[PDB]
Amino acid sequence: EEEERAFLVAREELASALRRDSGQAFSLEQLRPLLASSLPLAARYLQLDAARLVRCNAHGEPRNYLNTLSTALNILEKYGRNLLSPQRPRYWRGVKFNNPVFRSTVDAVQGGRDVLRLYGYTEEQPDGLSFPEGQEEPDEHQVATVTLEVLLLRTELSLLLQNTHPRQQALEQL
């Protein structure tokens, strides 16, 4: 409970840092307290369904599926950061399933789309996902916290690929 609190505090500091500067890059040294924790995934990923993201896409050699996952995660990170930009992109309100970059990266994994819903892309058109007309701007806290979790998971997978994750054997539990 105490370790869990320290984690949440660390999570909030990083999410706030993303709200001030959406282009802010985090070093592995910065992410260390979020990486070194022995807390379960459910207590560390509050918005992202990390276990389902990993487990439902673990098909074949890790060296391939972890790489595919990273690729989806890196693009999902860019979607989040763009929503935090002091100047939001024109057409931030919707993402098309048939976007070349979206199809080849995010739609390559199971649950890729659900992550856009966490950002606020809750409305479903057969062409893609949109914000509701009633939402005029993105909830910045929700967005920052999802973006951070997306970046954290990508960071975790990257160390697994390199075999340098602090809890590497305990994470191959799956």
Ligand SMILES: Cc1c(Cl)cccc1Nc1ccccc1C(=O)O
The other form holds:
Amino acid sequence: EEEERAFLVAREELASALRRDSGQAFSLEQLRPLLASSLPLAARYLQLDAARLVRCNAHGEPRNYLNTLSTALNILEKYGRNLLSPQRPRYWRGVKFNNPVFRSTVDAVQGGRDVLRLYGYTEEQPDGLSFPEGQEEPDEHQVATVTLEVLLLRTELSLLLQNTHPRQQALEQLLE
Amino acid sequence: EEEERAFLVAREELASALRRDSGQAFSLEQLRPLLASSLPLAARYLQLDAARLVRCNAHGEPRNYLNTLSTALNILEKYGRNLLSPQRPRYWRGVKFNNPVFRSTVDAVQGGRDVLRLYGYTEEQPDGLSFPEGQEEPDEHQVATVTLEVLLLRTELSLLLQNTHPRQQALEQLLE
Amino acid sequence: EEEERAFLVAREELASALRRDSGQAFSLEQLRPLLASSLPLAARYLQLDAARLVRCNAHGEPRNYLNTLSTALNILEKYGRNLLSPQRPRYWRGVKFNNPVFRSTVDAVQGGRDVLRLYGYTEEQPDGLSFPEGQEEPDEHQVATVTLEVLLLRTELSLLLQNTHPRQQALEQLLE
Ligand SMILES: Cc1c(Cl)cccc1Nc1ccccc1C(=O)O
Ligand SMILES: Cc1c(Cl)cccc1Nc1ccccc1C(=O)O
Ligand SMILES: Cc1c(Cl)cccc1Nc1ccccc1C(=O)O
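Could I see the form deposited with the named molecule bound next, after the form solved without the named molecule?
Shown next: the complete complex, the earlier chain at its head.
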């Protein structure tokens, strides 16, 4: 109720900020209402499958797999920002699996390819994903809300590795 | 390849045996052409998401989570066998999430519900999954195929816990 | 009956052994005095609600629900051993319900949370159970007693599943 409805406002606030300037950086104080919230995972992440992304890649030491996941999300965050840019990349319509950055970051995480589908890369090819040929422009609101959750989850993982998460003790008990 | 053709004829034979008698037990001898197999995991399990079922539930000690996965697969295997039985259960068309057996086994592993969808439980309700209202009879070939893959994966986990897997040393290095 | 004093001498031996070194395992021969005892259940288990742990979870085939209970007790036994360890885990004061191991093992069994309360996790929060903030150290004598009983029940169930329980036939006539 109180925390819920407030969480959705800051969510749509920062999301609409991404649509205005997709290259804008967000400080810790700007993301604090979303990082310090005690709402369940299913309430904070509506599109990004944060549960499967963490659970299906939590192999080995957290210091390693939290870094593997966060770096993959950094790459996925850049894909979402490029779709909201005033000057979109030339090949924005598709992503190739054999890209060296993609292969070493996103394709090192189970579920990384599924995040692209949330952006709109829903058409599967033997060597990549692409937008439907009938789609002229990406859904700016759908892309922005997914981009924010990717950025939020990456920030959460990054703060945990830095021992600076607002709920660091609570989250660490979910990994040990 | 050569081993690919040998795996298909074995898989179709045990599936036919499942349709012939869904209550019969398969010894390790009858399952050796599929257990002692060397093909990759993606070639042995064509429908059962074995990769996610293990990776997304490999938390804690292998002795524990392999037991949680085996028991969940034992329950799922019984669901598929019941769908092929001549005396089908009067409630074969739906599975309830609050069922005590289902809740303590299948709903204890991420991806357990998705296996029922492979059987044909595609329609989702807040209380469970059910067959389409128009589907008169289950897909016998589809149920037998998935049931065989469930039985295969459960056997692999059980043999690994018993230290009797044909490739026990090779698979154990995939858990370190 | 004087077989209760024999139970007590062995119980206190293994209980004191748990506090001296919480990591040392117990062989089948060391536990045989308690496993083969003809004492009633209410006399062998003084704190662990063994009657409810079995009865309230005996749904489906015994081969399945005995495995579910045994795995939950394996996790609960580890919680007790960690509380008696010289190098206690940094988060010993509380247990989170969302922990992946806990959710799939202890919380799959009715009464699992109650065992944590016997250890000292009496304060209930929406996120889990925790020790009272005033308690500087856990009750080493109470935890060792509960831990030994958890270990005893798990061994009883695991031996029953292996068809090696000293009173296998007598116990099997309580489940069929
Ligand atoms: C967000 C997060 C991070 Cl960054 C690291 C480690 C854990 C979490 N949390 C969760 C992850 C998967 C499933 C549930 C949860 C939960 O919070 O209940
Ligand atoms: C079959 C199995 C068991 Cl039983 C236990 C542990 C691992 C496996 N294998 C795999 C499971 C998931 C993803 C990949 C593999 C692989 O081996 O390539
Ligand atoms: C100990 C045990 C196991 Cl391990 C398995 C199955 C049954 C038992 N026994 C009992 C369990 C619940 C309530 C009463 C009894 C009794 O023995 O009177």
